[PDB]
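As structure tokens, one chain now follows by itself in the form deposited in one PDB entry.
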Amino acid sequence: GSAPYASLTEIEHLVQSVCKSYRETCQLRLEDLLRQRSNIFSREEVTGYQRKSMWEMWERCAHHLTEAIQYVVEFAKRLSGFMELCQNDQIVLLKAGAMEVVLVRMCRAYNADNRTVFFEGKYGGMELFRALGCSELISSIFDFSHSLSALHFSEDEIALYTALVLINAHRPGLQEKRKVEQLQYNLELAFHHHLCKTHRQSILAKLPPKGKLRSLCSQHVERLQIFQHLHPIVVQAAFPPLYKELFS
């Protein structure tokens, strides 16, 4: 969607393009996530997670975050008009936006019926994560997921919304800003056309406020920094290099 004055046909085609790109990179099928809701951590397993060293739990979570980010990168690469951008801007957008997209995607793996999240093959509550030593953050992430589950997104809505989380012309450091603005605008037209057709424009007003996603990402970096000062060797020794690059 880099071209100006996108026709209605082009906007309709962009909707389908974005949804296809999302479908092909959504990491886990929704069907599998929903099916596994009966797969929950036992009390002993929860106790076991709570018993884990801080370094082991952070290392696991860092790996899982990195995996989820790798799919967001592949999403961006397939996203209409993204690879047309210059390399600098591609990097600016992912560095700022990849974690934000992961946080939005995670609402799929959240079950409001028992307040659990899908983690390492089964569902567990926020008490699963006690060993991290960042309970306030974990609670904020659960709350955020709950607030998104309350919007009852379809998969197509997630595709279109996360495209716009990523293609944000306001990110500092863009070189070809006009090209990104044009791209953002066309994705906004696509999003809005789809919402119009499905009578869901009412959800725009209820989307995460300006700064909420940014705050969650900032807090992640802060808590990582706290961990890294407690355990300075493990991050360089065992964490995924992309994770260290994006967040350290």
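So that the term is clear: the rigid core is the largest set of C-alpha atoms that superpose within 1.5 Å between two forms. Residue numbers count along the first chain shown, from 1. First, how it differs from the form deposited in another entry.
- Core-superposed comparison between the two forms: the Cα of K20 travels less than 2 Å.
- Superposed on the core, the two forms barely differ at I11: its CA moves less than 2 Å between the two forms.
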Given for the second form:
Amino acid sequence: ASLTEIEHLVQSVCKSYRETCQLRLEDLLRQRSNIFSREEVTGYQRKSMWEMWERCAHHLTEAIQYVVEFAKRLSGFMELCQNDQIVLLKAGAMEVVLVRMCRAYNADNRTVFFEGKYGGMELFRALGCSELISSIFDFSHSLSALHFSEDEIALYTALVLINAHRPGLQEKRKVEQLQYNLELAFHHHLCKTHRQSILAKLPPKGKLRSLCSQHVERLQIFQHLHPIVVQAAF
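Please move on to the form deposited in another entry, as the form deposited in one PDB entry is already shown.
Here we give the lone chain, stripped of any partners or molecules.
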């Protein structure tokens, strides 16, 4: 690939993210002043773990839908065989959701955008998963310290997904090629934006995997007893 082709890949990935980011950064930022009152938090805390599960399940399913859409728009992804598209998304879609969450997180007061307002970790008390919730908040806080641009998120999350080391890939070489081109795109763009400094500050690949594993385990326990049907966005 040439520098023009690399730059075209950059622009393409960034457009794909802009179109599938689900919530606009501008809207997330403007709504930071909109925070759940004490009585609203109490209202959430009083809800059954089952109600909080179905609400959270709905929001997670929706978020995954947008991540899948993002993948489908990535140059080359649709050219991979069906098995490999599934392997990559099965392994990475929830990891991308966790990265995307940092945009909806306010480090100033440790709150997250949830059902239209910002709330702290105590909003989720009824789940009885305080360790997991706290880890998700800590992770988001770590990422917010980097002041990720929209385009850095676009390129970083593309690379979360396009990982040739995922077990079960039938065309590993094709995935390797896509991953390498995306690494070129990411590194080239960091250079063009004087943002080289962020690479060393990104969380180790193992940190995101570890958090996602803990997350999924908790999700499986809820979804096993309480499945839910969710709207899709074509």
